Amino acid sequence: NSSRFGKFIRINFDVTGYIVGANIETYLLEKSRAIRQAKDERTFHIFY
Amino acid sequence: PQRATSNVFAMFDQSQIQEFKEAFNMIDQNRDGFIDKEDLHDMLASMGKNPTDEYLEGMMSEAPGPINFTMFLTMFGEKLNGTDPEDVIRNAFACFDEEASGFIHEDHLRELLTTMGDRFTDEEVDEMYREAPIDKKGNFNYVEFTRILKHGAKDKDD
Amino acid sequence: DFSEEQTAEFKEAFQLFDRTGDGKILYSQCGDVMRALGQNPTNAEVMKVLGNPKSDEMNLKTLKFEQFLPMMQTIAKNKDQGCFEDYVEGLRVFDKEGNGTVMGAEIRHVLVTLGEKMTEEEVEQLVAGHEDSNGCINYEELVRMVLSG
Ligand SMILES: [Mg+2]
Ligand SMILES: [Mg+2]
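Residue numbers (the authors' numbering), protein chains in the order written: chain A, 244 to 291; chain D, 14 to 171; chain C, 2 to 150.
Chain A with its partners taken away, still in its complex shape:
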């Protein structure tokens, strides 16, 4: 299992000291995985 994409999760609190929300963002989903594959690997889990 490979985490093949960067991510950044920001969790929002309040001045009172309680959670209020969250915000995430991803960086550069690896491409060219559907096109020709190296030996003994698979493109993605969704297709399975």
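These are computed hints drawn from the structure, not numbers from a lab.
One or more hints might be untrue.
Partner residues are not named here, just some residues of chain A that face chain C (Cβ under 8 angstroms, in silico) [claimed, not checked]:
{"id": "1", "residue": "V258"}
{"id": "2", "residue": "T259"}
{"id": "3", "residue": "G260"}
Backbone N, C-alpha and C define an ideal beta-carbon position, used for all residues, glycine too.
Assemble chains D and C with the ligands onto chain A, guided by the hints.
Same frame as chain A, now just chains D and C with the ligands:
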């Protein structure tokens, strides 16, 4: 105390005695101011179907002979005590649960009723369950309960 | 002892705490009622009352109204009486800028750092009673409010 009601039901509003005198006038087909076998056996038969059981003699034996207007009024007067109109019960039911939605859960209902206060048996409390219509999933509505406790609503009709 | 008025108050509390049988009294129940009936000191009096640190059976912790009365006297001899000067000085030491800008977090911290703690719903409940804003009080109002029962 004595609970004899020496006065003619003075500890109540007087509107109900105009309704009671209207009831007395409509039952008294003889209109002599006194009930009778002639009176009830046909006025009760107006909505009834000529019952075979002799319970109108039950009334005339509960109070011997034909009963006066005041006698009827006082034998109802002894039947009212320690009760109040719908307003106070509605206000109390609004008080005990803040939501006031009348979602009196069965466990919550029994806990609030049978346990604290004047101790009495949950088995006799069950008369409020086998007869009074409780709402499903445990909660118990009160507005219909208050109406049926008062004269506003009745479970069934003859 | 006073006149029978205090005995009457204890009797009406006895019939008030009548759950699971009026006759038997739980030490938790008696402690709660004695505290509320004008006796603050309740923390370490379990050993001074029972004489036995046994606190394992919640269902049957034997106490009766008869011996309950001298217990109230030997508690009410007022073994400890503090006054607000020590309390306010401790809080002002606990205070940060002398006015109480935002006291909400640190009071919770100081109450959760104490070993002998029991409740959190009261910790969130203390907001009621003029303790509404972000620790706006300089503790004088809350000391006055708590010292009124
Ligand atoms: Mg990874
Ligand atoms: Mg007649």
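**Item:** Hint numbers not upheld by this structure, sorted from lowest to highest
**Value:** Per hint list: zero violations.
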